[PDB]
There are 2 protein chains.
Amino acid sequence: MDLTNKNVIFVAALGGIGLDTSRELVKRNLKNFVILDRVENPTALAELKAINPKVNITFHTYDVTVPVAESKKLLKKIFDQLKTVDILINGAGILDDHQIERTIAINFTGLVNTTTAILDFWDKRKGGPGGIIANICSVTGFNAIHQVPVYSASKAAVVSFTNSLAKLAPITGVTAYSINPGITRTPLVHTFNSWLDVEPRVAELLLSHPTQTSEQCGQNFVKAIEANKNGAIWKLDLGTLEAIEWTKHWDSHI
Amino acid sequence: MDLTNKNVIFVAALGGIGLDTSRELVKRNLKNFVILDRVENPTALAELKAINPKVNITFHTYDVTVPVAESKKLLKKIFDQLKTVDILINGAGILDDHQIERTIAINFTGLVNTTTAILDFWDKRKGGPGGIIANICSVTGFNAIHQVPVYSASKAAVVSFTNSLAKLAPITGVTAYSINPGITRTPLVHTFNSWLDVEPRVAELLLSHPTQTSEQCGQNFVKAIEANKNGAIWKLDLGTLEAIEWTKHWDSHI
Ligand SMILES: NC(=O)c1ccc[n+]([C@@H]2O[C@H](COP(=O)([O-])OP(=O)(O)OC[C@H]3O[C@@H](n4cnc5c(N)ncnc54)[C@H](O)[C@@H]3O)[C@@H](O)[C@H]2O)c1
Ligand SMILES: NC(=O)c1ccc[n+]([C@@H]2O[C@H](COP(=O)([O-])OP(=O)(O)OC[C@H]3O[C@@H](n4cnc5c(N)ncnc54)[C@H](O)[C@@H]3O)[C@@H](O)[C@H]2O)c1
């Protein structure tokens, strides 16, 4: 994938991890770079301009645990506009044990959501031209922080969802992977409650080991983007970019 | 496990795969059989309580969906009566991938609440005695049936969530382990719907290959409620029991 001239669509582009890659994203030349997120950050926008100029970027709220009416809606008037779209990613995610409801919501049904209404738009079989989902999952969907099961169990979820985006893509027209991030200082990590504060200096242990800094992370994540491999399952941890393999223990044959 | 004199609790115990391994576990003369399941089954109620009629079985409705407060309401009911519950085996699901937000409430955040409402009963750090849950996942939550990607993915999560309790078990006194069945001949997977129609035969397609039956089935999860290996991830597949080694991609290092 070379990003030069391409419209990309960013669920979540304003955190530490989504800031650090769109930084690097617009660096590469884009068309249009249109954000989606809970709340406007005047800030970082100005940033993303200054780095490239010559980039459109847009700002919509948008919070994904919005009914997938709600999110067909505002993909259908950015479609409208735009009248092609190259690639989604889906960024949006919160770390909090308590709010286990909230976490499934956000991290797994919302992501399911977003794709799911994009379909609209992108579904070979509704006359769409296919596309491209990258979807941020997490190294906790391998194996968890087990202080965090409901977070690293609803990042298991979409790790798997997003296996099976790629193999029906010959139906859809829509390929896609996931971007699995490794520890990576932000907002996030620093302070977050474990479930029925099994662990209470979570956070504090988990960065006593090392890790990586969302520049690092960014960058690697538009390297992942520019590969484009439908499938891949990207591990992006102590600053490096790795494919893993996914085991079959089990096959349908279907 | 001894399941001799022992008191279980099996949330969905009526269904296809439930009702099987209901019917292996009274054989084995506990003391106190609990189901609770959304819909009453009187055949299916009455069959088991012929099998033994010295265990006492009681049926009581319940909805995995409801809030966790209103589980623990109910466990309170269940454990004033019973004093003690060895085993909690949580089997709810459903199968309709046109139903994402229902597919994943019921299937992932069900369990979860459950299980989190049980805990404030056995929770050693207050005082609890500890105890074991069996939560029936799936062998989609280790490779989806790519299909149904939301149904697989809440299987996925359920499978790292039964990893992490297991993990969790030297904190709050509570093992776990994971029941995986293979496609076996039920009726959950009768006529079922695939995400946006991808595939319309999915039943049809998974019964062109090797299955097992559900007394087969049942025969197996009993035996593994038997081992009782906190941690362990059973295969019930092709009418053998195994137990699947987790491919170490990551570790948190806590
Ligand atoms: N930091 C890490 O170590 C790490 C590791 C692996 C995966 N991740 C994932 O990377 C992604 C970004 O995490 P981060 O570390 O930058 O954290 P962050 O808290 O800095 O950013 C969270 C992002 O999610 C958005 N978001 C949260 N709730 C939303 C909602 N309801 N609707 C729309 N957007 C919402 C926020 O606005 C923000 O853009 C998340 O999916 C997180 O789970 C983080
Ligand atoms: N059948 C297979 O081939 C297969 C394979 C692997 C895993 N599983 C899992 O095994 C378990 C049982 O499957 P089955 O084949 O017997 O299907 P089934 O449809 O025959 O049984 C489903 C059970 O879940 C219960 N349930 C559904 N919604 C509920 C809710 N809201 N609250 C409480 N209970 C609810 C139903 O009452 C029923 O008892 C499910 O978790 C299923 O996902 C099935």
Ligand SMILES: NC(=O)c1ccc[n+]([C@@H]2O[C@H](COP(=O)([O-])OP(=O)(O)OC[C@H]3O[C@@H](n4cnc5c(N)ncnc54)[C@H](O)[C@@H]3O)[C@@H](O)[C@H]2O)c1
Contents of the next structure:
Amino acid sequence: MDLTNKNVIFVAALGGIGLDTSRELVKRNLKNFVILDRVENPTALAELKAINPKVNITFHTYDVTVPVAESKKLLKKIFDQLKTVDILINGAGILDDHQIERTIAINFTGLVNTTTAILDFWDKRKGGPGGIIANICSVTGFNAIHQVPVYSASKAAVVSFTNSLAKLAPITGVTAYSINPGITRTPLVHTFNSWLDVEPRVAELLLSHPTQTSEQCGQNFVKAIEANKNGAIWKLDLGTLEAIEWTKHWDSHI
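Could the form deposited without nicotinamide-adenine-dinucleotide be given as well, to go with the form deposited with nicotinamide-adenine-dinucleotide bound?
The next block holds one chain only.
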């Protein structure tokens, strides 16, 4: 998939691995790069524009926790200006098991709602042109870091949801795949809260094992996008890009 002249919407582009992914994306000569984030980041925005002035970069304040009606309102405005949107990247996320409700609302519910909102413009059943959805999940969605069970569980949910989205492609015209980074040194400062404080040294311990750089992840992130494989479960761990096969324990046959 050629990203040249493509219109992309990136939710939470200015955070964590999102920034390094954004840096790589803008280098691909996109036509429009729409960033939707809850918090304004003038510095990051300035850097991106400086990387490739050719790309039209616009920022819109967006809280993934708002109702679907709210998201449809904002998306309508964007589709009105761009006419078309080729890819949507859902990258909102939080890691803090002391915030149970918020973790689920941001990592799981918000992703599902934003996806549900855009389907209103992309659903081929409604005469839409279809589209592509790239969901940023996590390797914890495969096998949890049991010390942060809520975060891990919310990610397992998105890995499943994304897998389902891909299977619905023939009906909606919307393809999808998940991007699952392993442990990376992207969160500016490492120190997250474990559920019921079962392990206050989780960050410290995790960093005691092989990790990957934020840049290594960003580059593989774009490579996965260009691969454009519907239903792919991409694992971005230790600087490599690999598609894992989901084990089949049960089938619905439909």
